[PDB]
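See below for the structure under consideration.
Note that one protein chain is taken out, while the other chains of the complex remain in position.
Just so it is clear, A and B label the chains in written order, and each chain counts residues from 1 on its own.
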Amino acid sequence: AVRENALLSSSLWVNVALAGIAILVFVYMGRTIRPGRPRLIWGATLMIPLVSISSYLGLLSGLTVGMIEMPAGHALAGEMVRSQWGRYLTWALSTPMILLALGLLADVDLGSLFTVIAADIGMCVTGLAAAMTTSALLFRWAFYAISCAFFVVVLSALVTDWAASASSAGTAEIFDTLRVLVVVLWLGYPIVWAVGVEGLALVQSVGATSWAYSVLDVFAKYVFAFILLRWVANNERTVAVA
Amino acid sequence: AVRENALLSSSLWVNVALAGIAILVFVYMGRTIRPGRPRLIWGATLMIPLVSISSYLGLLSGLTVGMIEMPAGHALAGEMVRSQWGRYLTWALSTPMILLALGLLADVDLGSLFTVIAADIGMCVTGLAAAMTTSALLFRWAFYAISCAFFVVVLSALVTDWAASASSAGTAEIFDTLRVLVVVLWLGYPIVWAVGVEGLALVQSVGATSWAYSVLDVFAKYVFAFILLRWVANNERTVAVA
Partner (left out) sequence: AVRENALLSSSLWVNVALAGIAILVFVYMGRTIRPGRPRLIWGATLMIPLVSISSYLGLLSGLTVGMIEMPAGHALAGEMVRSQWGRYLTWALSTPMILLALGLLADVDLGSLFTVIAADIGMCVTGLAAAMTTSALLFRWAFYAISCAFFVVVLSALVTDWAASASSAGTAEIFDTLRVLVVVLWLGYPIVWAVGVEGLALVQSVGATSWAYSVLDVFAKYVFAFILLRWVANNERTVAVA
């Protein structure tokens, strides 16, 4: 929109640049990747920053940002707030690719991978619903709670059958490392929503709320992808033999 | 919306309660489920009532309900009618989870499961299109007819290759029982649409139309899930050995 907020603007352009750099680094890193399992995981990995760039373009252009009036009870009840709904929306595409990458690395069951992606999509769409609901504060937090439930379904797989699959696939070392990053970093998103302007609004700055999500993306997406890709490039032997 | 219709309101809250009770019953029933195939189907099953609750929250909050003006020729031509479009929309997520549960139980081909889910999604989205179309009555019913065609694609699998897979997976008894429930109960949805306010409007009450869908959901989702889960919990032997 007619945005003149440098704090807000910078939080978006910064990741267009970092995501672009990521794509180049990854394409390069895959220069000598053997066909099969390795090459595939490499493909799933390149998609992460590509989707991310698309997301930040939507926000920067104003296409996926809108004004939402907060309901009675909210700290900003009666006011219109800038909602970056494009973030929720695009996650529904980026979280599934992150999970496919991990699923392949761990060589998990097809039925398990499918159930997890379904739960992840549900988590993202109910989160969008929480942000878009304007009739009553009760419904906004009800969606947030249901979204949390789907999040638990996704996490349960990472702590159970996916870890067991990685152990039999010979990738337990890298999986355990990535699992910690996923759980810790993913817990950051619902905390930002809750503390930010759309939840409790303990922090009323939209620019600050935006920078919090942008920093998380840097680690949950770009650094995560790099660590995964770097391991695969140096362990094509154990990955391909699966 | 500014709804004061108790008939309409009650048809929604009733299922928020029943769906909530279902989730608890299911989590409990899965207390002693062995890892592998069983545990997975248990996961796919818990997702059904979770998605359902999300759907009823959307309707209750007014987020996924809207006013649609009926075209010339319609029994209510020129009037604005309350459309619970959130139902169509959410089915696109709930019907696929019901099918995954059945697909696993029957241990069907990956290519078959994928084709069926695609047809199911097409059925749900063209049904939404039928409800949202306002230019001419002809187009509303054209979408309804195409939606019926996708429904036939889904059903053809249940009467052919999915039954054959269940027979070789040792789950033909439970599959045949669930198949009857699915076909009979699913035929109920297009009949309600056709007889209700959005189709022919033989019944002009939006509250009554809503209660019809709510009753179907109780059986097609909650009772269906219970029957499936109860069998799996008592036959983990034949399910896991797949």
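Operating definition for what follows: contacts are C-beta pairs under 8 Å (C-beta built on N, C-alpha and C of every residue); 3 or more make two chains touch, one makes a residue touch a chain.
Which of B:10, B:115 or B:238 touches the hidden chain is settled by the complete complex: it is B:115. From the set A:14, A:25, A:60 or A:240, the residue in touch with the chain omitted from the display is A:60, counting the whole complex.
The missing chain, though absent from the display, is touched by one residue of A:46, A:123 or A:142; that residue is A:46. Of the residues in chain A, those that touch the hidden partner chain are 35, 37, 39-40, 43-44, 46-47, 50-51, 53-54, 57-58, 60-63, 93, 96-97, 100, 104, 110.
The omitted chain makes contact with chain B at the following residues, 109-112, 114-115, 118-119, 121-122, 125-126, 129, 132-136, 139, 142-143, 146, 149-150, 153, 156-157, 160-161, 164.
We take it that only the chains that are shown with their structure count from here on.
Computed from the mean C-alpha positions, the centre of chain A lies at a distance of 28 Å from the centre of chain B.
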